[PDB]
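The chain below stands alone, shown as structure tokens; this is the form deposited in one PDB entry.
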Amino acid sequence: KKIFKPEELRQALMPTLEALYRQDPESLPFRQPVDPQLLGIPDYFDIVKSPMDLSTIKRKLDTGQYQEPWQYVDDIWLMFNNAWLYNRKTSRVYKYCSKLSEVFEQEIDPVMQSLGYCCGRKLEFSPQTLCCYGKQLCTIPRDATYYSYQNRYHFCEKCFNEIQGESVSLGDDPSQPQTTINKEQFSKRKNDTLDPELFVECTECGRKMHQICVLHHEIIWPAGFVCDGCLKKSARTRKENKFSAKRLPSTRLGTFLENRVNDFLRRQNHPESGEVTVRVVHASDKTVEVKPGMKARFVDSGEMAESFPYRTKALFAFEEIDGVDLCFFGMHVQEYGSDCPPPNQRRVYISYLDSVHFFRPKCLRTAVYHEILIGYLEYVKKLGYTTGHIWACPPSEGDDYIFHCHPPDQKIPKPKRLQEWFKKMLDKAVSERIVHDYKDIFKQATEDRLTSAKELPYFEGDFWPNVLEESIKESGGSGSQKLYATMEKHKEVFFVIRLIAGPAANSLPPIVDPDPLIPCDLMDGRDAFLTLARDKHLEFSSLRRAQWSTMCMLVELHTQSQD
């Protein structure tokens, strides 16, 4: 019901238009309508379907042809966009248009906020990286050229010509079907699509606002979105967000971890700090099956179990930033209890761990990650797990372990840095008398005097079961030939962590998890959360997006159980 008078707009908007005029000599190609004849370029109007310049925008602002502020922002970007679509990253017009937008990004935000809006940015989702289907490590970066069929199966232009002739094997994904598709049936594409961010309208104002900015979810507030401005003018606020990190069900594991982190934070008494919530959101019983090579060498002759049972758990840590939950750490673990046979007995394995670097304060981020991890080791140690195993291997270019689409400026560690990061955490744990000691897989195997692949712990998704299949094949049926060699080669990447050692490790009681099972398909393994994020445009790439993603993650965790 809010009416905007054409003179209250120019009162607010014109300053930021003038600030674009005032840039000598950067605004020249924009000050008056582009005239293709007067610059000799007949291929202009055919490339720019609807053009814009500075005076056209000014005329509309002076006459009164802008109903609402976004129309003015939209034209301003239209003008920039045409200008980028013609010139290259190399010319002068481009450089100029960059400057104006750069200047405009600066002025528009306060002004738009003056008018009662969330911001003044034009916001879109940069094209995600896709999975090349040929190599299995192959990746498709933004702007690259790729081939799709039914928008499922995409191929990197290199991988695609590495195919035999014109017939492509495809859809080997679920079950038996080997549907064979011809090359002619594919779409040649550029991974360059830009989806805009969505707006939500205020049911009292009428103002378009960025969904992600105002954090409005249809499930949490089904009455409809009411902007802060309107809420303040009636001395009221939003309903409580019942779907919070804090209100996720508690478990002993979570309570233990968060107490540790929070106690740690208190002793620091650092001023930017806020309390950390830790929640276990998945817990289920699984079995890993020994693969066919190792099964035929060791299982069929009864030297090794055909499978090992383990519990898998997914846990996340959250912090309140600007009065809103943000998810900053995640981890999936595998726990092989006392009922599991050798050699996996009483071992825990960290499948995957991951983070988004928005924890406040930056100063204590690493230390908190170390605290959560050391705390996990301390928990399972008390219950009776004797040993922990960690495969320290950073994700490859544009892969994400748990959180879809990280911030562009959250550097990923190289192997050395990651290995030293783990050595630091474990050294801490060694000095608190929690971890007894640790060694790389090779020094450990020597220590334990092992002589056969069958003595190596065998975890779901780990590196060793795969290399053992190759070992047995390549060596003609042996299970020891290149074992110590392979262990040397990769040694500094494979941490083996002794929580309980010596004679003490032999006369221990049964391991009992006081926590109950927690079914939750969304976090059974890591692929579902990644898919959910890919599917719903969730990103962890900026604080505001991480906040919204977190908000959605929670709504999913809460509405999955209740039915």
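Numbering follows the first chain given and starts at 1. Throughout, rigid core stands for the largest set of C-alpha atoms superposing within 1.5 Å between the two forms. Compared with the form deposited in another entry:
Looking at CA displacements between the two forms with the core superposed, a shift of 2 Å or more is confined, among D535, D527, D43, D521, to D43. In a rigid-core overlay of the protein, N269 has its C-alpha displaced by under 2 Å between the two forms. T446 shows a C-alpha shift below 2 Å between the two forms [criterion: core-superposed Cα displacement of 2 Å]. The two forms, fitted on the rigid core, differ between the two forms by 2 Å or more at the CA of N82.
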Second form
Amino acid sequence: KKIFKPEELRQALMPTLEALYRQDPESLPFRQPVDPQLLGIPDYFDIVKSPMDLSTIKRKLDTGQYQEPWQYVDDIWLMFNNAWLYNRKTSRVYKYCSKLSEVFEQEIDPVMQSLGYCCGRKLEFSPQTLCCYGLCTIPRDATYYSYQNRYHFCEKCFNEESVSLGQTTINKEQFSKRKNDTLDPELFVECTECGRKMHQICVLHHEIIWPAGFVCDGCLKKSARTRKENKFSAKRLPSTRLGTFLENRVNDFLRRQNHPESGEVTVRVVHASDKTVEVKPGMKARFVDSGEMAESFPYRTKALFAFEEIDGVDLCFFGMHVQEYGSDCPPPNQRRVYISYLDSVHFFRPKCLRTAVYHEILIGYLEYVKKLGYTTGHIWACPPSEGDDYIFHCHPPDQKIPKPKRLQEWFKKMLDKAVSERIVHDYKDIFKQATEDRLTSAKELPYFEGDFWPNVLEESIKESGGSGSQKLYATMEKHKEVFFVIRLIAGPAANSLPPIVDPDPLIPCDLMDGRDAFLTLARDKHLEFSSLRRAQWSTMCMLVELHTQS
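Compare with the form deposited in one PDB entry: the form deposited in another entry:
All you get below is the one chain by itself.
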């Protein structure tokens, strides 16, 4: 419907082109088509297959060759990328190009908005971090070697003449040499009325939620219409006793604070299933085969998430998975909870209450399981490894990751509040707790899925040639600050408790059975949590998936 008259485009866009022209000397290298012979650059057309320059763009603009402004934008960016491709990162033309692109970004955005568009930005997704086979990492722009887009090797790892994969043998000549410089553009959706192309993420159009098609805000307002209601919301996910309890605690806290521009928080439990952790081969040979320790321990895993409405749209800002070992579970795991992992995306409003809200969620959770008859909570204060994510794929680059001391103090501050509220009786590091329990053997340590202690015990038994317990106190002392043991129910009352009965039903949801599936989904579908807009999109997609798979 909306056809842009060539004078309309010229009038609107020419000032953005002049802005580049008037950059001296930066503009000069880009004003005329590259003559490779005259400049003395022979291989230019071996690399650059679609040459572009300011004159060519000016001409297309003067002669009405563009039907819509993104075509102008694409040519501008082609010119820039041609120069960034051909010239060295350290060169003159490269840095000049970079300067022009900055001028362009600033110029183009408000112009495109004047023409009825979401924005004028050039948007591309973050490059994924590439592993090796033999646990190292390949960074962005570093040359590397790959086979079947599956087996990749860092350049140093490669030069040492046939590779083993899995176990078949592949000559080095069969590998691709390439740079990790590939970035996927953001996708557009077309307004079904005016025909304008908008960033799908800018407008948050999801085809399942609005199957009749995308209609831009401009077109809606002209006829005083509004979008059909999004029924795939966080609020409409099924309620649980636990979720309700946590969200009530949070919102009651927020109401007491009465900070300006506070929003309601929604907490939902999205997975609950029964699982078992098996004792690993070292500990099994040592204690299971002689009948001193159970071969495996049953637990219930749960996943829960907190959401806030920001700018009218759902935003998932906190996630946590827990392991719950009930009253039927054998010692040493009986009546214990362990936090598998928690994660957050730092967009909560108001900022000044963010930490407080996370603490309320954790304190609430401890309070809840205490009420059910769980006696003891367990936390391993372990920051994610460099450039890894616990739950949310691709964090904002300006969200800092706490180092261990800061994270330890954060847990201590939470627990101190829990103690002052008479929820937590007390808490101790693992070394002090073992001392208090008069622990003598490794078989007496709680044994959790994915935890530090099962792995270090394997290593210890093998290193010592058969002892599980020799250096155990020394190992606990050495790592003590990182391991919290939290007494919810103390003393004689902990010995005569009734069975634990959880009133909430099981909740099958394969997507949220541990962290891996949602990380995989997010990676495969470009669901990043790296900016407010991308997190809002990713939340919207996550919620559709949660609503439709169940």
